[PDB]
Amino acid sequence: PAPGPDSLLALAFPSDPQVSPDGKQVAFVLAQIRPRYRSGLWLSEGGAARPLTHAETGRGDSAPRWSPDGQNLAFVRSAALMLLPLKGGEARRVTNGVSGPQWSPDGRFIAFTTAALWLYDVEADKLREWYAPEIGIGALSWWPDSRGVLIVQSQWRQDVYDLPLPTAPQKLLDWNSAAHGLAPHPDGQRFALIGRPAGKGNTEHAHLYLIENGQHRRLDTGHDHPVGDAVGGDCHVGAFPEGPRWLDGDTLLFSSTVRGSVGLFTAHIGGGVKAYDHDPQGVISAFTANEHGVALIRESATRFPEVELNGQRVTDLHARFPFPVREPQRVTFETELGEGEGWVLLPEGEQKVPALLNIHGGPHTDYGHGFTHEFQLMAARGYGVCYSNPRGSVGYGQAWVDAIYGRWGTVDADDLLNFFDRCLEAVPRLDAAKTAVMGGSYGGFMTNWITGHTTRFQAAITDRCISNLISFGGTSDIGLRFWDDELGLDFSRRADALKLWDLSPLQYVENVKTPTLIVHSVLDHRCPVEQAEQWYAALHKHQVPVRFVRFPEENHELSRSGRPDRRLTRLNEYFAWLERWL
Amino acid sequence: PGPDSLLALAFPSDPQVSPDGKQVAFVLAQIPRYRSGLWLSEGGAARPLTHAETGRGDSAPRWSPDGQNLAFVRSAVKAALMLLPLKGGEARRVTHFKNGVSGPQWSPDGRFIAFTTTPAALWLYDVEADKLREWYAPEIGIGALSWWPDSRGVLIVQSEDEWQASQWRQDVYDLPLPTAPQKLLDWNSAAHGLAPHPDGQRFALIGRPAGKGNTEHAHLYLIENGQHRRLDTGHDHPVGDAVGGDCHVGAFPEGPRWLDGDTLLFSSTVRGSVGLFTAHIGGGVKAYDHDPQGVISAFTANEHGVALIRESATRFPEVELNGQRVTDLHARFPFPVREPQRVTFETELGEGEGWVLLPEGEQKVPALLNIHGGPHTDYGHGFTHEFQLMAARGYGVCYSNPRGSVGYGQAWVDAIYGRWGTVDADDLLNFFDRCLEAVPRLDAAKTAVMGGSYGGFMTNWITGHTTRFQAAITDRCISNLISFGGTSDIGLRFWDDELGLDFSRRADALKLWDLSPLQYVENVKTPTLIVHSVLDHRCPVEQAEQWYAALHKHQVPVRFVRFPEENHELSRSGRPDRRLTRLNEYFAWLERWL
Amino acid sequence: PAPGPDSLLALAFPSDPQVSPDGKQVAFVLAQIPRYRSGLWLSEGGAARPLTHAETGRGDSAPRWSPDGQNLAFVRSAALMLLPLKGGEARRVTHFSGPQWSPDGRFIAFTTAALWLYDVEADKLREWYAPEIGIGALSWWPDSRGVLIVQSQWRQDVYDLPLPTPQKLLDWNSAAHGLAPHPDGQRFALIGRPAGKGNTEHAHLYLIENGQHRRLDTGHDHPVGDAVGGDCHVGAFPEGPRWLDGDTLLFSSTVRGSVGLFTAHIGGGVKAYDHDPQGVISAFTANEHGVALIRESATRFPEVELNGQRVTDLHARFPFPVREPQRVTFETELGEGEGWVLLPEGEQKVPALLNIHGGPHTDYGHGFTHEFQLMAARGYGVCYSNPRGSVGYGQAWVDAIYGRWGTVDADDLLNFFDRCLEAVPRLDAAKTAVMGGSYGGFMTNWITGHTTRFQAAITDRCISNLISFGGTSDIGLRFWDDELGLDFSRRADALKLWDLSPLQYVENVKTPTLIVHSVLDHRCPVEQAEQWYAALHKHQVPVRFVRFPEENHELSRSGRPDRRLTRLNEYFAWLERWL
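Chains as they are written, first to last, in the entry's author numbering: chain C, 7 to 39, 53 to 97, 103 to 119, 123 to 141, 176 to 215, 223 to 235, 241 to 655; chain A, 9 to 39, 54 to 98, 101 to 142, 175 to 235, 241 to 655; chain D, 7 to 39, 54 to 97, 103 to 121, 126 to 141, 176 to 215, 223 to 235, 242 to 655.
Bound conformation, chain C alone:
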């Protein structure tokens, strides 16, 4: 009997790999099993990790944070701040919930939000509200001197503030743009951030900037790739820290997405970027570091996420994967910007198998070397999965991103069908008569676009789709800016709205003949369900075979509450639709 969606319930999900201050231990979060996922803390001192807490109710424990002396672990329990002594005894609750705890480096305080910023005085065992922002607090880091914190706060434009310990926050940087990942320099005065300067739109690669007396200088020079993990994968449940960490006064360690992989690199104040730990066939999804050690989570297209400490794997999570994983093969396609790439994941055997073109979202993300249970399960059920990084994808340089600016549905659509044609030529086991196209978000937009511009696919599955760019501008919680950044078009202006209507898949819906599964959350704030309702009503009026699944659970329910119901049901509906149409 073939593996089904239930295979997911055998998996346990690691997150938040926190290296100890002395660099010799790693503490992390493991979520495991309507069945329901709960999270507990795990600890390794170099060997096989062991559970440290146990939760039988609620969402469980998260956010492990080492005290500077390495004798305690602060964590959040469901939400309350907990302190667990590592050498014996059970945790104590020291506090509508809490989040984002961070010890001061001197061990005297724990900062968290509850949202206002609050302060737990460790030696005095007292709480005090530190700062009640008017708009909200983004990134936060302690100065190495424990004098206070740096905070980010405000069209996605923010600045950086200095907030000393209480006895009012002063502005430290006129940034007026996107900023996160504050990494205070050891000297207590300079600091690094991740983002982009004021003049750049949000399709610009995020980069590393050194800040000094209000000036900025790019730190990850000569590296035409973004900071952070923007590679797809469906086995990340929980927090995935990627904050840059100064290894010495000259060396800032950070992660970066390059051609479907994510590696660690170092930027130097005195020069260029060096590889630190970058396998072009792997993804490092989270890391922590200090002067003594590094802990991270690693995965590949064939390897489930595992926790590592200083190069040694401390988890056994791939052994829980309930069926054999298969190795994809690479297939390239040509464009005026150079060679594009994608992959085909095949079932066992030698018979013809249906070909499923999967389109990643973003659009400025990458497919590639993340671990995708959904893809492995499709192959285990007899489908060939074809997935690629068209122009618009993020790991192939700024020009590859910029090629789709203002004209979604042109070169991106070409690249996807060019790739798919190359798959059929390169992989004779792919059945050219049993093809489907599918994707989520931008991938759903693209599924809607492609089926309205060709009838070649025998089935379509559109998830979290976009069909009407005009209505999206007014209903999405990012509608006010998303098209200005991605397309240079303002839906509230007449000439621009008409251009958005010409980029709308709904305009061409009269051409759709492909049986289509529509999957959407009723309460989606990013892609409102009105996008799916318009596509469904149009197909239904044309009597195109269509099925509309309306989830009452918002996206990412597994991370939000630990309930896998939405993901199991979604997979059931995907395969039921493919079994019905092939």
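Treat the hints with care, as some may be off.
[Stated by the list, open to error] Derived EDC-like pairs: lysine to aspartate or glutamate, alpha-carbon spacing no greater than 20 Å straight-line: (1) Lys572(D) x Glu64(A); (2) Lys572(D) x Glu583(A); (3) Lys111(A) x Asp206(A); (4) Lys425(C) x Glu498(C); (5) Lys572(A) x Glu583(D); (6) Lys273(A) x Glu559(A); (7) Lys572(A) x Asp575(D); (8) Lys273(C) x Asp563(C); (9) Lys572(D) x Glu559(A); (10) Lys507(A) x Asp569(A); (11) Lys111(A) x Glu498(C); (12) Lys111(C) x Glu64(A); (13) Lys244(C) x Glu285(C); (14) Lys30(D) x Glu364(D); (15) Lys111(A) x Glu64(C); (16) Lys102(A) x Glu75(C); (17) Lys586(C) x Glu652(C); (18) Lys122(A) x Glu75(C); (19) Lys273(C) x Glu652(C); (20) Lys187(A) x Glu75(C); (21) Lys425(D) x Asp389(D); (22) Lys586(A) x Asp569(D); (23) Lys572(A) x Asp569(D); (24) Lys425(A) x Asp350(A); (25) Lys111(C) x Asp88(A); (26) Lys111(A) x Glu114(C).
I should point out that these hints are in silico values taken from the structure, not numbers from a laboratory.
Keeping the supplied structure of chain C fixed, place chains A and D upon it in accordance with the hints.
The following block gives chains A and D in isolation, referenced to the frame of chain C:
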């Protein structure tokens, strides 16, 4: 210093020595509602190990043989088996039963944890495999249980069927580990405290042989090939703690333990004290730790160490490890304690004894005769918060061990057989007279009499046979011996054992009526406070309703306090309300009448 | 085919027959369906029709006509309601029992216990009097100036209570109820007994004037009120005497297992008004214009009547045929006693069940007993009698058992039973059982401890220890003083109570015994049954103890028939096991 003083106290229990003999884990109940958590000492001041914020809390700490883990029972979750690694990390819940578990015991090899759960079945936790498995479903139920030292299985005490159970008679069985219990001893009598010998074949038990009535001192028996021979010979005192005191909250283990192949350590009640002694396979009983003015209420031991709880008439219970006190609980006692004075009385069996606890100062003070229950227990050297609080409020507390008490030999027990209300009442009033003579400060015109259970029977009896007391307080009383036989959960046997009388036989019923305080209630003139739980299964409230109704009809001043909480509410739920309210009513009644 | 206890659920139970002031209508209560709910029903002379409907709670009770005949006050669960009879739905006048209209229609008095007053014209409530001890009977003076109230060793007096802007009217110092103010506005009648009489004395009728009392039901050596057994009475059964004119007071009285209406005259003796010696009138109301009542027989289910015409169809609901009992006599030094045998169909031998009524000062006879009819429908011969101690055969018949329960009363029951076996050859002398409730349970315990002759016994709400009863019963303080002249709190008396205790003789019991008792019984505490059970179990007599969590009269209290159905099931299962 009022009844509220109780809320300052924390109550220790279950002193469990580690296998290497160098640590003790125990239970501490503290504050409004008492919850219990586990505490640990390696020789110095004990430190908390768990913290209970909801429910009744944590209890039953059990060391894993390697000393690295503690199994325990948690209520927050009815009573779940928990496993706590001592070197770091939080406890793990190992059972998920609706009704919880009890009586966890590690096998000596550390491979299993045996426990019971709902009659409750015996279950097995496989430690290396992390699996649960039902071991044995008894027909009636399982009493004592111990592992063979080689961990091949357990010894269990149980009745064979409902016939034997209706006699309160049990045998001992061998129950090997599952891959069918065989009988090891045709006991057909009382047995508990199984102490398997290190040789893996013999074992000791506490109890009495079939031919002996239930008033015979519990003794120690060595079992070999179905044969029995008494082990604590030449020791005319019972095994176990039978001394009064009101600061025991939780489990108090007293299971005998082999210190070597010849030596079995046990506790025994002797003239109001409880001491440790050793029984020898090849010799007599020796004292091991016996202060004649102290009470050891619980202990554990192995070849490497001993842990216990110790107290006196002037010292609140403390936990010790190898002779060193590891708790500071007496320091929480909120007012100064005073020293009792001994006062004796004559009987044809020899001299009996009691004590007078006096308040500060030299003025005249009312005298309260307090009668212990049982009747086969002892007053003496346990710590009684109520007595110290009565003296702190200005009362002279007079309390004694009349014939019928348990610590003065079998003959002293037997003196009251079949004739409650004769020599026992004589001894109590003779003692009380000697108190008034020995201590001129006691006010002969402001006297009260009070007691619980048998003490309530005796309070009812005494007030119906003399008017001398100015006030009386009868708690959990007995007034009608006939109705008690049909209503009490032990009514079918208690009078048979204590008096040789069966209420269902006519000639015996009339004798039970002549031993009933209610028959003489027309003579009662003393203002009487009646205290009773509405749901008492042992002394049903009908016993108190009859006394109340009779007194009320004679228009004797009477007040009847009906608690909806059963007795021992502090132990059952941690709620001290019943104890505080009881003490409040006692003092209010004495303040009104003196 | 054989009917079981479930047959009970086919029945609807009438109560509280209230005649209209104009004498031409009756309003009454009907309890029907698993759970009984009650609603008000109305007849203007013909077949009664429903007037209220409630699908929650216990329903509606206490219908009271307004003096002008246009409204009906009633109690709904519990709150006072007013229903206009010629149209419109009821109104709730209280938002918080025993409502009584002033004769002039201006007020409604009720208790809530404190006495309260609803002003009809002002539509306001007001507390009238909050007694420290309690209020018993109550009636309005005919002038509506106020009410007479009874209130306090079970001794009471009568008070005068005028309308607010209480005085003592009679130093009675004894039992009084059924206040019936005379039309002249000064005299009043009561039911009870004078101070010098114990509670075993027949209740009688007394005319009160200026503190003096004179017996009104002279020459009638029988008690006022219905004291006949029957198990189809659910709800209130009014029996208050009513003046038909200034000389004539109408009342009911129990006579030899029947209950009839009679009239007492201020200037003469007692005359029959409506007395069939084979029927029972269980409740009535009357005025100068009409009479309404509920009537029954040993073969007729209770029905409501208005001025001699039956207005209900309730006997038609009885789901199996009823049978006619035959009378059997026995002789005593006080004269002839009587009882009855109810036989099943056919000609075959059948088991004989001796049933002992409670009280003990009540009567078996001509009430309707579903339990007895169902026992016969299931093949048992039911033998039931009125031994000395029973109430309908004169004061001497009552007084014969005083101070000595278990002597002549027990004699009469076994003498009666022996005469049944002689007179009724179909009764099987080898398959006999004895059973009863309350005093009848006392007597089942006593008899089985004094003879082995019965093959089965069923003791319900029993008494086994007269001493403990004295201290545990809510009437224990007085019951043995009244019934036996014995005080359990006195040493010499307690020994005599132990000699009257069935438990003293329990060693002789060999009869398999079913024990039925409520755990929360305040009248006969369950400790009485626990002692019998524990004693029989120790003697290894086959015994079964059914402990209900529902108190007695759960059907009346909540409308739930579960306790009666389960009880009947246990009775027949035990009889099936032993015969």
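Okay, the hints, checked on the actual structure:
In summary, the hint linking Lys572(D) to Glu64(A) is not supported, as the alpha carbons are separated by about 69 Å, beyond the 20 Å threshold. Proposed proximity of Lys572(D) and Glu583(A) is supported: the alpha carbons are some 15 Å apart, at most 20 Å. The hinted pair formed by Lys111(A) and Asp206(A) fails the criterion: a straight-line CA distance of about 27 Å is larger than 20 Å. At most 20 Å may separate the alpha-carbon atoms for a hinted pair to count; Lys425(C) and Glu498(C) meet this at roughly 13 Å.
Simply put, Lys572(A) and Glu583(D) have alpha-carbon atoms about 15 Å apart, close enough for the 20 Å limit, and the pair holds. Under the criterion of a C-alpha separation no larger than 20 Å, the hint pairing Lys273(A) with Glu559(A) is consistent with the structure, at around 12 Å. The suggested pairing of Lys572(A) with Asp575(D) holds, with an alpha-carbon distance near 13 Å, which does not exceed 20 Å. For the hint linking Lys273(C) to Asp563(C), the alpha-carbon distance of about 17 Å falls within 20 Å, and the restraint holds.
A distance of roughly 27 Å separates the Cα atoms of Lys572(D) and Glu559(A); the hinted pair therefore is violated under the 20 Å criterion. Between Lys507(A) and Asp569(A) the CA atoms are separated by roughly 39 Å; this puts the pair beyond 20 Å, and the hint is violated. The suggested pairing of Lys111(A) with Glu498(C) is violated, with an alpha-carbon distance near 61 Å, which exceeds 20 Å. Our distance criterion of 20 Å between C-alpha atoms is met by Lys111(C) and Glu64(A), whose separation comes to about 15 Å.
Taken as a hint, the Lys244(C) and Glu285(C) pair is honoured in the structure, with Cα atoms around 13 Å apart against an allowance of 20 Å. Of the pairs offered as hints, the one joining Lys30(D) and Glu364(D) holds, with about 11 Å between alpha carbons and a cut-off of 20 Å not exceeded. Distance check on the hinted pair: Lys111(A) and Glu64(C) sit about 14 Å apart at the alpha-carbon level, within 20 Å; holds. Of the supplied pair hints, the one linking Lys102(A) and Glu75(C) holds, its CA atoms being roughly 14 Å apart against a limit of 20 Å.
Distance restraint check for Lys586(C) and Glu652(C): the Cα-Cα separation of roughly 18 Å lies within the 20 Å cut-off, and the hinted pair is therefore satisfied. At roughly 14 Å between alpha-carbon atoms, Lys122(A) and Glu75(C) fall within 20 Å of each other, so this suggested pair holds. With a CA separation close to 46 Å, the supplied pair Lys273(C) and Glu652(C) exceeds the 20 Å bound. Of the pairs offered as hints, the one joining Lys187(A) and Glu75(C) holds, with about 17 Å between alpha carbons and a cut-off of 20 Å not exceeded.
For the suggested pair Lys425(D) and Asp389(D), the alpha carbons sit about 35 Å apart, so the restraint of at most 20 Å is broken. Restraint check for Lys586(A) and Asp569(D): satisfied, since their Cα atoms lie roughly 19 Å apart, inside the 20 Å limit. Between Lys572(A) and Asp569(D) the CA atoms are separated by roughly 17 Å; this keeps the pair inside 20 Å, and the hint holds. As the CA atoms of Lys425(A) and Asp350(A) are separated by approximately 40 Å, the hinted pair breaks the 20 Å bound.
Simply put, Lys111(C) and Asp88(A) have alpha-carbon atoms about 18 Å apart, close enough for the 20 Å limit, and the pair holds. A distance of roughly 11 Å separates the Cα atoms of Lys111(A) and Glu114(C); the hinted pair therefore holds under the 20 Å criterion.
Violated hints, listed in ascending order, are 1, 3, 9, 10, 11, 19, 21 and 24; each of the other numbered hints is respected by the structure.
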